[PDB]
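Complex shown without one protein chain; remaining protein chains in place.
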Amino acid sequence: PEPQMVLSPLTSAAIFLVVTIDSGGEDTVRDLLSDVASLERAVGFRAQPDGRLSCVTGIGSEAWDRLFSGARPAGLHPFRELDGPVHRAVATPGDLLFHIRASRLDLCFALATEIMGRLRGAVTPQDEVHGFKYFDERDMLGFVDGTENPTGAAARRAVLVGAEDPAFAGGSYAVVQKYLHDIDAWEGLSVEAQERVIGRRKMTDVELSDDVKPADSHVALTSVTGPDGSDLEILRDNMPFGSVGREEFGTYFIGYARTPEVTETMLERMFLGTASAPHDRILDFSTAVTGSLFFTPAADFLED
Amino acid sequence: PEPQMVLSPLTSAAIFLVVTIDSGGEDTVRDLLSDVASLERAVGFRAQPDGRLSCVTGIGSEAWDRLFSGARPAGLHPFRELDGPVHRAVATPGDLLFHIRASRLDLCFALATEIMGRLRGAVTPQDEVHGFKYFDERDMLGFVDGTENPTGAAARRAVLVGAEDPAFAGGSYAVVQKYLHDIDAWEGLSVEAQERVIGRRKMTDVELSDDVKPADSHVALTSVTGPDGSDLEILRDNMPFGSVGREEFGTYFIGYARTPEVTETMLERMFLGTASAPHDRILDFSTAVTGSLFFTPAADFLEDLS
Amino acid sequence: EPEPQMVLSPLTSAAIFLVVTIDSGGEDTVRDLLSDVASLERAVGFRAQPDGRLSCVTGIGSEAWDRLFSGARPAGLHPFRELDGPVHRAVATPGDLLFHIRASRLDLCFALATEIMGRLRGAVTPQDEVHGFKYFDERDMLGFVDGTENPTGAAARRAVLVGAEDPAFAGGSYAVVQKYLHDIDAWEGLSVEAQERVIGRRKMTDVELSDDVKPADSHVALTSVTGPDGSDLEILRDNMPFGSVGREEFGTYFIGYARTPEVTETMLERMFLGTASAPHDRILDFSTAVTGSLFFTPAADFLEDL
Amino acid sequence: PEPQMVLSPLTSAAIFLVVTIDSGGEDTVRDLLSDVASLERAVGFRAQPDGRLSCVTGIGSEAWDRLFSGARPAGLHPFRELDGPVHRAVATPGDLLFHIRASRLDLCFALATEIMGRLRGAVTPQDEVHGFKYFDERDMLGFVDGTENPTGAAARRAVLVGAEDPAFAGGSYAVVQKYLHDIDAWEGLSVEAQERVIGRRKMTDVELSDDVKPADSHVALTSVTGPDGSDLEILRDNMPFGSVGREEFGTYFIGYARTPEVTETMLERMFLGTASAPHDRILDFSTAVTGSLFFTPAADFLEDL
Amino acid sequence: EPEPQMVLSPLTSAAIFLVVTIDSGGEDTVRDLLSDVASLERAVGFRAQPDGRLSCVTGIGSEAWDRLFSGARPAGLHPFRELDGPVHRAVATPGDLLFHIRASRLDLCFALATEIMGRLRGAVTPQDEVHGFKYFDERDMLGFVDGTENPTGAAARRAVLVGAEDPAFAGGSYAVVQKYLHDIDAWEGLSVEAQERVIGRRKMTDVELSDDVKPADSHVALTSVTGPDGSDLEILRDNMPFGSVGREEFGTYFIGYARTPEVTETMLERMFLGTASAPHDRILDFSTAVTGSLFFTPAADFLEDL
Partner (left out) sequence: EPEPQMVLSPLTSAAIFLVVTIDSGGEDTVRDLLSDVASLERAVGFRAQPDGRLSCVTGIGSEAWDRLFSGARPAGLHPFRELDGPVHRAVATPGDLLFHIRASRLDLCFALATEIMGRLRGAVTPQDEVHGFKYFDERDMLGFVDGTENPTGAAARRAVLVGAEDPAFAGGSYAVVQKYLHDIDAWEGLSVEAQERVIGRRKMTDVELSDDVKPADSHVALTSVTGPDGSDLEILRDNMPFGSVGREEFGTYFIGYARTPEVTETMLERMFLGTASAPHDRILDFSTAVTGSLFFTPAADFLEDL
């Protein structure tokens, strides 16, 4: 089975589109789903090989039941709100996700235009974010972002549904959250205090040794080991976004995994805390304003 | 005198920032102006040679009088509203323009962040547009945009103030208008009818011959000759922008010229018409929602400030 | 595991197509060249890596095969079959060897072609030589994007490489070539909308026409074929513009690769002879075939080991 | 005055088009001349900054008198045949030259298509050559080609008409010749013998010193000093071309200079020789089959027609 | 299932070769660094992706292996074997660890080497450090293209990676290094044709000499070796120029990877000790080896699991 382009080369631009399906809009949606791969080629082919355009399409739990009869993917459920003692992960509505990536924003915008053109009258937009990466892979906090993502065979194993749910093999699960940052408070920390929040050196991107790394650092809390002592991994493609006039400085988080359990365990540790950590210190400078969960089927599923 | 980077190499990203200066904000603004070149180097130097980051700073007519106490540039005045029989060119507030360009949006954003950091508390944002060019220099209407811009020595002559106003030599005048398009109506025209609106072939960008080119086409109305029969020229760096969710598809127009009279004559022809043309047909699919005029001084003028 | 030739190439912007016939007595010289052609490709190309992207695919015709080799023949190898339609004809022309040479620059193609023909002088007669160039936005001589629906990845390997159905020749492929001349004057008299009806896709945006508006005799409708089991039958194409402005020759060199020639031949029958709903492919009313040949392109190992 | 793009950045592709103007063709030609800069922007702008498309337009001596009334450029005359003891530089017909350059052949071809589309029925093609440079600036003989071209202000001085002919300031003179090579004979020389023909090392492109450089080497014969002892220079943009099936391996020579006398002195030395050299040894492996001379006006001259 | 180190790297234009010995008592510090070297590679390289192309291949010598690890040894691991020929000698020099660092720029190599050696200060003693650079047309210091006949694709994986013959160490490889210094004055006194007879290929065009003119003592003849079954035995090389113009040091750093050391060692025997028809490889009359070491480069998983 052929996956969607979940494992994409590095891109410097992205559009995230989240919509809800209006009553009566089901048929229009199903037709667009069967054409989205053809639209990706149409927009992208003439800008190859530099364009690097791809579109990953995801479907939410409630939407799935409205669109399709028969089997559901085993891990598909609505995003679970987390009400921590200090920080909250909100659940917000979303039926479809389009994760559009390329080397330039214009290509993203052209594909998004064709997709939304086909869905006019059948969907209501909930979120639209135009992201850009900094030229040295840094995010809005000034840290390199993406370093420990798995690659090659380890990425496929971490991200693609396999034999445990054979009808849906080659799919994946995406979690999205839009975060806004308090840059004024962040810039009041010394660089060394910032390093203790994240768990890595700022300039050189070397991980802090186990004797200095705090238990409530981002990297400590999002490091999880399975029963067999192996690392449980996700693939992230976080993107800065913002607006200088409205003082909006953000990170759009997106994490792909073979089962939502891995991502959800990381979120629980961050937001609810553990015995050794009250919460993830990154949350003292970062507020989540959306949260949604989607299944991203194999490309062949959509082509039917 | 050293000009600002009005004549930039081609760039694929831009931020347009327009602000008003709040009462009491003048001193903070004057300080920022004397540092803006240093900020451009700070952000841009480490991303050379590919980043191509530049910032052009413009000052409005009413702002100039609040900031500076001596001579005024000869052509600086508030943008003039045009009330045509069908179409209107509105005047909207703006005291400062930052026209930021680079090969990537992140560099534009980083410079804009440092600029606005210094001005917080002293200014109020009026407009912020993040522009992106299509990979084959096309605009949102699907036409190549930029082709007849002047280059080289002809660009310098058309754009930079010279001997006619010697205290302000090396400056320029910028006009900005944000346009929103009705794409549904535009896409209901055949290609040939679109070509009659613009005045050039869509796929190949070859200008229509003089015996087919309508008098109310964009190219006919923006072609102006001087007293001596020479072409009057401006330098444009129009950028697409928009939001697919809100159905906003735009062109941000910016035109630089040695004197505003050239740009204003073109706007009069577009909006008020001529003997042979009621108005520019591009305006039947394009609405202006801002309009402002700025003087962009020589770099030396900004540096030598308090 | 048998190694294919570079049938599945990255995108290239230049090509040379060379078709020759083998003279009487030339067989031994040809066999020696075949055993060296991959070594020549590395010699010319390696020092221009990684940007040169030089490759050569070598093909052998049906009659040539029997003169060169004893033993088994590939199961689908036969001479190209003439199609005599009510209006349009697909001609068969002679050719014993094909060299399909691609790179990012014409000079590299020319240097490899020079070494190959240097070795074959006196043993072969040239039948056709075409120097092809792709337009910068993947467009062909008709102004349409060309290549869009080619298969990629695993689907390309499945569509193009001989496998278990003919195990001695696994890793080979079949190439069909046709040189087309276009009537550009007639083509350019069509509106863009009428050109879109001929091809089956939008010209500027390369979006396929919806199934209810796509004509039955459009290029895309007739070259879309489904198998016994209702799966899409695919080929890999790398069509190249060519021509000469002084002689008014404006062409497309067609080359199509497939695991069996039946798929390509079915598409040709539909184009030239028509179906119940379509007399012929409308692209043929602006395009004349002046060559036609079929070749087997063996696995690289097959050529090396003789 | 704004020159044409005679001083171009380096390009790896070119089309050379030479045509003659038929009976009655003059009006159609003058219309095209007034549009050719606008055509160049139309084709090229959307492929910037990588495309690097330019077109330099030239007009021959006889054509000048048919197209324009009034002043003629001072140095404009028909190409002068040189019938030397062994080698000949032929003259062939040509009224208009279009020298089209870009980073890719397709852009050259697109501009040539629009130009010839406008001239159909008014002109007869005499030559069409599609040129390609090798990836390390080498020519068909395997030597680096271009090295001692002038650059910057020295190029402008060597190439652009100035005060000596003020009505035509910003123009230039182009000489073209199509050369075919005998590759078999060339490749039978050792590398060291080839180096003595050219006057430079093959691999490293270092000039042979004055004590080893033969008097009949290409570099010795095309090195000329003026009355003042200063170097007389031209700007060249030679391109390989050919066809493997027909065994055609060529160099298309094009040389620009402020006055044709510089280029003509070099041609005399190559074909007629000097006291110490019978002829340029490059000519024992290279045959000229075309020869024409053109004036390339300032861009504003063409625009104002 | 085993993940190899980046032995099969894309082409790179810069490299650092670091060879060190492990001091008495340094074993624990070395084991800790080995378990982190892939994490360090990502730390330095990720922010320069995708163009940085940074990789590190780590190798371990025979005597070092027994100091670091208990249990199984790779079947072909032994100290480099000195070859004392009648004229030329291949010396063995000490080395416990190899770090073969490659990228598209030297600064990335240098930054990773700095982090690695920072961790190992006090536990290791440096024996050699070479900063290599590519010529722009893949030439070495002798003026010949270097790398042409290296295997690619599936043939490279088969030639280089340990498989089922030693399943505990599958996905590893064996590296041989030798630093060579050239006598450039003697070399440049030869005619180009005499240089071609030393190497076995044409200098400018890199075309291999035909079998009847290629000398038996040419480099290409002696390093072409066929197995019992008549198949070509191959290695992967990534030779790098280095040197210092003031000290007149012009070198080639030789590095060859193979699935078993016997292939590399057979080539070395032929070069240094000769055959019945060739006393030695003529390249050695202009090239002196000043180092020689053999290393096993484990699968990436083996290093991670420490």
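Letters A, B, C, D and E mark the chains in the order given here, with residues in each chain numbered from 1 onward.
The definition used in the following text is that a contact is a pair of C-beta atoms (placed from the backbone, for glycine too) under 8 Å apart; a residue touches a chain by one contact, two chains touch by 3 or more.
Asker: Could you tell which one of E:43, E:90 or E:113 touches the chain left off the display?
Answerer: E:113
Asker: Looking at the full complex, which residue from D:5, D:90 or D:144 touches the chain that isn't shown here?
Answerer: D:144
Asker: Give the residue, chosen from E:243, E:256 or E:292, that touches the chain omitted from the document.
Answerer: If we include the chain that is not displayed, E:243 is the one touching it.
Asker: Which of these touches the unseen chain: D:2, D:205, D:300 or D:303?
Answerer: Only one listed residue reaches the unshown chain, and that is D:205.
Asker: Which parts of chain D face the unshown chain closely enough to count as touching?
Answerer: Residues in contact with the chain left out: 9-10, 136-138, 144, 146-148, 153, 200, 204-207.
Asker: Going by the touch rule given at the top, which residues of chain B touch the chain that is not shown?
Answerer: Residues in contact with the chain left out: 2, 38-39, 41-43, 45-49, 114.
Asker: Please output the residues of chain E touching the missing chain, sorted low to high.
Answerer: 13-14, 16, 18, 48, 52, 105-108, 110-111, 113-114, 117, 126, 129, 131, 133-136, 241, 243-247, 250
Quick note on the criterion: only the chains that are shown with their structure count from here on.
Asker: Give me the set of chains touching chain C intersected with the set touching chain D.
Answerer: Correct list: B, E.
Asker: Using CA atom means as chain centres, which chain is nearest the centre of all the protein shown?
Answerer: Of the chains present, the most centrally placed is C.
Asker: What's the distance between the Cα centroids of chain B and chain E, rounded to whole Å?
Answerer: 58
Asker: With chain centres taken as the means of their Cα atoms, state the distance from chain A to chain E in Å.
Answerer: 42
Asker: Please list all residues of chain B that touch 2 or more other chains.
Answerer: Residue numbers touching two or more other chains: 136.
Asker: Between which chains does touch occur?
Answerer: Per the contact definition above, the touching pairs are A-B, A-C, A-E, B-C, B-D, C-D, C-E, D-E.
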